[PDB]
Amino acid sequence: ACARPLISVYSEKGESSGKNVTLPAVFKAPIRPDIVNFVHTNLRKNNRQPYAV
Amino acid sequence: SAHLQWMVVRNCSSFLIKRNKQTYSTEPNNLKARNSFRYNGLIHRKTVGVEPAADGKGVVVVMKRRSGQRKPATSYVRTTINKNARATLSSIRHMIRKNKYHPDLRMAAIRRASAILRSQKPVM
Amino acid sequence: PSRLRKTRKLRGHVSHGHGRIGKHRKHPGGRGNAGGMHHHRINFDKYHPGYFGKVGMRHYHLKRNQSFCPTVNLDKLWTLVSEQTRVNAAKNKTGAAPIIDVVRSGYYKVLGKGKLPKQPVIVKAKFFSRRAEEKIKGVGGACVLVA
Amino acid sequence: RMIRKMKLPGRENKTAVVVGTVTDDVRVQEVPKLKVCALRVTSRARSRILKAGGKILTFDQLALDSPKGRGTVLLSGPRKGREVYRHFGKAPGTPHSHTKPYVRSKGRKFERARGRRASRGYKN
Amino acid sequence: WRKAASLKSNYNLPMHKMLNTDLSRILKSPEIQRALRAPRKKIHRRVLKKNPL
Amino acid sequence: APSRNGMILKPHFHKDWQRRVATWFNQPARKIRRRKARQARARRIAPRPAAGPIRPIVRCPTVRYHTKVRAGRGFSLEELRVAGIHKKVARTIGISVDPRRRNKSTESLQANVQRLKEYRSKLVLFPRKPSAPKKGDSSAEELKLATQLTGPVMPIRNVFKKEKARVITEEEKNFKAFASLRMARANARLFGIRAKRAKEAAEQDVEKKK
RNA sequence: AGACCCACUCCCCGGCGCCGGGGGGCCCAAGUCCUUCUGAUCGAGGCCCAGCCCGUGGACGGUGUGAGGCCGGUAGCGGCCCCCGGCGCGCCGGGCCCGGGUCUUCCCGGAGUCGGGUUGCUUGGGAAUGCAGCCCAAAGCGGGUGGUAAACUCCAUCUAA
RNA sequence: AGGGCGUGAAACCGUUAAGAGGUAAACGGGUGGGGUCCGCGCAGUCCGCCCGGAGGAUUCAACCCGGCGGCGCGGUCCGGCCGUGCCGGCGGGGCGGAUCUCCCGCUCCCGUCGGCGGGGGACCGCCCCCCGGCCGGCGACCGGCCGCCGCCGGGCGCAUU
RNA sequence: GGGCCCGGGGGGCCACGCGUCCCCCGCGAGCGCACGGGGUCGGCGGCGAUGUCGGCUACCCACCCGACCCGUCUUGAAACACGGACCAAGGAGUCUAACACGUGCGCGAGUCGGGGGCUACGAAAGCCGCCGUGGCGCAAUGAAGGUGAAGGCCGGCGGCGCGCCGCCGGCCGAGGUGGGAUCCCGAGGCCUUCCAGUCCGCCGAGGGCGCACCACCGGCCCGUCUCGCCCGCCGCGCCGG
RNA sequence: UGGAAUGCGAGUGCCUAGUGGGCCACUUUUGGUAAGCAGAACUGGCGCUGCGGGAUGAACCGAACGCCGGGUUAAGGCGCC
RNA sequence: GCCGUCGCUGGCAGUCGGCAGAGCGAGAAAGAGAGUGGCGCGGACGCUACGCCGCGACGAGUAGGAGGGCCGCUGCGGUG
Ligand SMILES: [Mg+2]
Ligand SMILES: [Mg+2]
Ligand SMILES: [Mg+2]
Ligand SMILES: [Mg+2]
Ligand SMILES: [Mg+2]
Ligand SMILES: [Mg+2]
Ligand SMILES: [Mg+2]
Ligand SMILES: [Mg+2]
Ligand SMILES: [Mg+2]
Ligand SMILES: [Mg+2]
Ligand SMILES: [Mg+2]
Ligand SMILES: [Mg+2]
Ligand SMILES: [Mg+2]
Ligand SMILES: [Mg+2]
Ligand SMILES: [Mg+2]
Ligand SMILES: [Mg+2]
Ligand SMILES: [Mg+2]
Ligand SMILES: [Mg+2]
Ligand SMILES: [Mg+2]
Ligand SMILES: [Mg+2]
Ligand SMILES: [Mg+2]
Ligand SMILES: [Mg+2]
Ligand SMILES: [Mg+2]
Ligand SMILES: [Mg+2]
Ligand SMILES: [Mg+2]
Ligand SMILES: [Mg+2]
Ligand SMILES: [Mg+2]
Ligand SMILES: [Mg+2]
Ligand SMILES: [Mg+2]
Ligand SMILES: [Mg+2]
Ligand SMILES: [Mg+2]
Ligand SMILES: [Mg+2]
Ligand SMILES: [Mg+2]
Ligand SMILES: [Mg+2]
Ligand SMILES: [Mg+2]
Ligand SMILES: [Mg+2]
Ligand SMILES: [Mg+2]
Ligand SMILES: [Mg+2]
Ligand SMILES: [Mg+2]
Ligand SMILES: [Mg+2]
Ligand SMILES: [Mg+2]
Ligand SMILES: [Mg+2]
Ligand SMILES: [Mg+2]
Ligand SMILES: [Mg+2]
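Protein chains in written order, with my numbering: chain A, 696 to 748; chain B, 283 to 406; chain C, 533 to 679; chain D, 7 to 130; chain E, 5 to 57; chain F, 321 to 530.
To be clear, the hints were calculated from the coordinates, so they are not data collected in a lab.
Any given hint could be a false lead.
Claimed, not checked - Okay, derived cross-link-like pairs now, DSBU-like style, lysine-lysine, Cα gap no bigger than 30 Å in a straight line:
#1 C:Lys647 x D:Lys11
#2 F:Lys481 x C:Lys623
#3 D:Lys39 x C:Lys578
#4 F:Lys424 x C:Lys658
#5 C:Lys645 x C:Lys608
#6 F:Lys437 x F:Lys449
#7 C:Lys647 x C:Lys658
#8 E:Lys21 x D:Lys39
#9 C:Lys555 x F:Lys330
What the hints assert, rightly or not - If the Cβ cut is set under 10 Å, some of the chain E residues that face chain B in the computed set are:
#10 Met22
#11 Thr25
#12 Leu27
#13 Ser28
#14 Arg29
#15 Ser33
#16 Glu35
Ideal Cβ positions, reconstructed from N, Cα and C, are used throughout, including at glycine.
Just need the whole structure built from these sequences, with the hints factored in.
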């Protein structure tokens, strides 16, 4: 959880443009499928429209 | 890691089939289509896959290389083997035991290979 | 969610979990806090002593801004200034003590809980407790009053 | 609390272990060199421990360093240090019960007249 | 991890609860493997009781 | 009916509260509308500042807030008079006026007087007739740089006078903070009765004297 | 208002002519290509390397299923045509003959209302928060308020009818 | 699908077929007999190795060429990125600081001397970028040579394989 | 009878090397049968394509044993207790607010932007930080005025007569007793031809540091009471500590 | 020499529903001529509970219940049903 | 015999293979320890660890509580 390799940048022709970017730290952050499901569950309720008889 | 990735997909995967009190995995390089940590074909650094060749003759043995783990384009080495039945199995046994490449999948790979070759014989 | 609640498991069970004998009637015992000095006296006496009666003077038109007086103890006193403020003062030699102005931090009175590090300090506040001033004086500091 | 319990005689160079969170204490002035294993350490507690020269571990690192837990000092936070336990015990309206009542407000008018002073009915 | 977020007023990456998630490397490591008792993998099924008399 | 230990609750739902529920489902649509009226107003008065007239500094009342300053309603007539701005001309050039407000102390008066003079120094004034400048108007060179201002004009901020470490004296070390406070409360509490006793005492002895 | 200084020419009204958001109408990409299932199909297969064609348009509806490409539409700081509006620029006839600082002398306020008693309602407003009836009924450094009735006394704060 | 016409349930009814019928019917357990259908049964499984007969071939092992891959404590190969590592930096900078500190705007005082507000600079903590030294990963992170092994393609092996 | 059934002059022993000292007088190899860690046969027979084989359950019928009609109130229902002729569709613990405890997640002496603002799905999502005002938490206590959360030791002086109180300077320091998961030391001890003595491990009498928690005893803060002697001063007080 | 036998792992904290009509039997027992009456104690039951026996039956006797095969019983029985 | 529940808070990461050596159920503490001197290329299944395996006990139920439903219904985000 400390490796930050170099990521290629590809040209529009689908080839490695020779440039590189170090992998951002955010891609090493903990993967929490339950924090995601909690957050997705509750945020998706926020674009609802009320219904009532 | 494999164990971390297995905890994300053990019960949430497009390849997961739950039906008739059974469970299967339809992803490539799973030797038994089994929703198992051992036989999952995506989460490990070293995986073995056996498929029928594009034409119904011989099998294709897929091995995951060690370097390009994050590079899907060049991660799998595919070898076609179209010898007789006993020679096809002998190659797979050596491709696994001699290289010490996931030795715990030796018989699953050999059992899967015998099943593809059998299915390529003329039907009666 | 309603799928996780008792109602779903109570389908098919007559009485819906309220009993066959006592049933679920509308308001047995009264509505709200009825019966405090009556059929509900034990609960009130047992769990809410002091509930009934009157105590103390009335004060019409209380304005809670007049008694605003946030307090800070001495054990938290040095957090009101940065860390380098304390280390610089502790290691300097001229004997100069830093000024901690608790009003700037949103406090008025200084209380005495805790102990101070052996480091002189000048404290500014509207109010002090007697033990706060002694403890502040025990480390070589002084208390400064502001209006 | 961790500094106090790790200062008892004969606990030098022992790794403090807590299955939980290590929170910072602003009331502490000097932080000694600690080795700690915790589930979580607050952002400010982490800086203070390291700036003092200590070492922070995870529990997967305690195993590779102390597989059997040797040289460890297992520690726990105050379990009764919660507001709820101020409400447990003899009901507030019984003799010598120092239980905290459940009131919506605190002040002269809120449960202090009858049952709490002899001048109003009684006290216990 | 070393540098707080620049475009968020006060934010930093969430800390890892488990730094090495490779459970197989941990378990197979020499250090843990020295502390273990030998496995007891022999199965002792039920013995049918025969009458000694 | 109460059940074991529990708070005694007095919900205020004994009226027809359902007839007067105010939902907030129009909140995002209100926020858009308010913003759209801020933009059309900013375009309408440009290059005048979108925020509005410059407000003064004032100290919040009560002892809970008097350590803080904020934006007041408008500058007072004494402030404008000392700053040489006509009260009726003040509103025309972006300055707010508050005839009600009184200046009790000089320092607060001066702070707003200086605030006005700083504002008058930043004012870029366009001539009434664009082709016919006049006495007070800004030069044509600095009109090409006149751009609308966003946010409150000269925002008001609470600044603290930092004091450096100084060696504590024996006079300060000797000061008694608690005793000084307790005696001060006593003196301000017994002042009226003490003065009464002194007056009566003189009367009692005087009749003995004369 | 008078005096001494200082500074002033654009501000609007009725007409008249010229110049740069809103409503209505009409329009603007691409398969009905080749086999094929069907009562009919919008279905299925295909459409060279490349990948049928358009795509800022793959919302939706219609059409004998199930349609980006058959039609209407959809996208577009797209096109054209009418009308209303707004914002600017000039002319005619009008109105205004306009301001600031300091001194000097002057002038300045809402009454059957306030306030008081009592009654009824009302309020969280408690020796009475507000309102109303009846009685009493003002003052002018006065009057109102200053959340406990009242006298004496300072303060603060506004200026009702 | 025949104009209250999509589908067309249940109750209830007509008829056809089968079975049965004096303790109302119905029901549980246990068999039995008869039907409707199903096995799309009716000379009964399949697989590995071995032995033997008949044959038949993109003929085996071993060798050579080429490609690919795994591993190497290559006891210490070269090149690399690279340490949420540690040391030395005249290193070139950002962030923060209730750590200190020549320039300026306004103001009190006589052209002088002070206060507020606005700016450098030093300092400290952290971070990024540059250079040298140790150990250090490359299993969330690789290339070149060498070695071993494995696999495939092509030769050669032409037959007790 | 008991004394490995004491000692002396035909029938069963889970007796069977020896140097010795002397009480007394550390590995043989095979093979095989089995009352031996739960069943096998390395045993057989008949029938089989147009009327026969298998088909639990399922349709109809029969017989034997069993068998009162449900829901409900009720001590007690098959009841001569009430609802129920039959079939379809509909039909009853919800939502809002408040509170309590439990659980999960985030951050943590803090935490929360919910109101406001900025920048098709989107009325969403993202940002604010001199938007954290504010809420809850971080301090209690008293009707209130108000007050508001450890000490000891050393040296000197002062008052009383070695001890006490008031005052000055240096040292240590957030209590203790009992139990207490875990952790720590380690008498002794864990074998291979035999002796010595090492490296890593491991068991362990006894002894320690002792988490949380509980019981107990101290202490500290606010209200009240009783007793009592002092200390401060710009205000010498019906003052303050 | 953990200082009688026997048996058994204990302690502890929160939240908590339904109930708050009961009725019956051995023994003891109050009122009443008595009652399948009214009222108590102890234990056990029925209520909430099927099952073998008492022909039949809330409580009696035996015994308490996962779906089964074999064996043996209890209380009760063995002319025929 | 079989089903389930409960308990053993039981066992399995040791699939440690020709870079090899198969064990730790056994009456009675702790090492199948490490040293220094005196031909073939072969070896079943397993491990959705929320999984798999073993052993022992047990199983009445109204009011009521709790758990699990790969029980069923309608719509929404993903996926097939
Ligand atoms: Mg039930
Ligand atoms: Mg009911
Ligand atoms: Mg209930
Ligand atoms: Mg009830
Ligand atoms: Mg209710
Ligand atoms: Mg209740
Ligand atoms: Mg259509
Ligand atoms: Mg097509
Ligand atoms: Mg369409
Ligand atoms: Mg198409
Ligand atoms: Mg079109
Ligand atoms: Mg359009
Ligand atoms: Mg008026
Ligand atoms: Mg009324
Ligand atoms: Mg009322
Ligand atoms: Mg008053
Ligand atoms: Mg039809
Ligand atoms: Mg139709
Ligand atoms: Mg119809
Ligand atoms: Mg019809
Ligand atoms: Mg019919
Ligand atoms: Mg018939
Ligand atoms: Mg019968
Ligand atoms: Mg019958
Ligand atoms: Mg009923
Ligand atoms: Mg009855
Ligand atoms: Mg019934
Ligand atoms: Mg009857
Ligand atoms: Mg009835
Ligand atoms: Mg009826
Ligand atoms: Mg229905
Ligand atoms: Mg409750
Ligand atoms: Mg909670
Ligand atoms: Mg929308
Ligand atoms: Mg009742
Ligand atoms: Mg009775
Ligand atoms: Mg009775
Ligand atoms: Mg009942
Ligand atoms: Mg019972
Ligand atoms: Mg029973
Ligand atoms: Mg009988
Ligand atoms: Mg039986
Ligand atoms: Mg009989
Ligand atoms: Mg049960």
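Outcome of the hint check:
| no. | hint | in the structure |
| --- | --- | --- |
| 1 | C:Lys647 x D:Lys11 | holds (19 Å) |
| 2 | F:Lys481 x C:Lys623 | holds (24 Å) |
| 3 | D:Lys39 x C:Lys578 | violated (52 Å) |
| 4 | F:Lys424 x C:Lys658 | holds (23 Å) |
| 5 | C:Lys645 x C:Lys608 | holds (9 Å) |
| 6 | F:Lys437 x F:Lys449 | holds (25 Å) |
| 7 | C:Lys647 x C:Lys658 | holds (21 Å) |
| 8 | E:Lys21 x D:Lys39 | holds (22 Å) |
| 9 | C:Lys555 x F:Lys330 | holds (27 Å) |
| 10 | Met22 | holds (9 Å) |
| 11 | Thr25 | holds (4 Å) |
| 12 | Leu27 | holds (4 Å) |
| 13 | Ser28 | holds (7 Å) |
| 14 | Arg29 | holds (8 Å) |
| 15 | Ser33 | violated (14 Å) |
| 16 | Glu35 | violated (18 Å) |
This entry does not satisfy hints 3, 15 and 16, going by the numbered hints stated previously.
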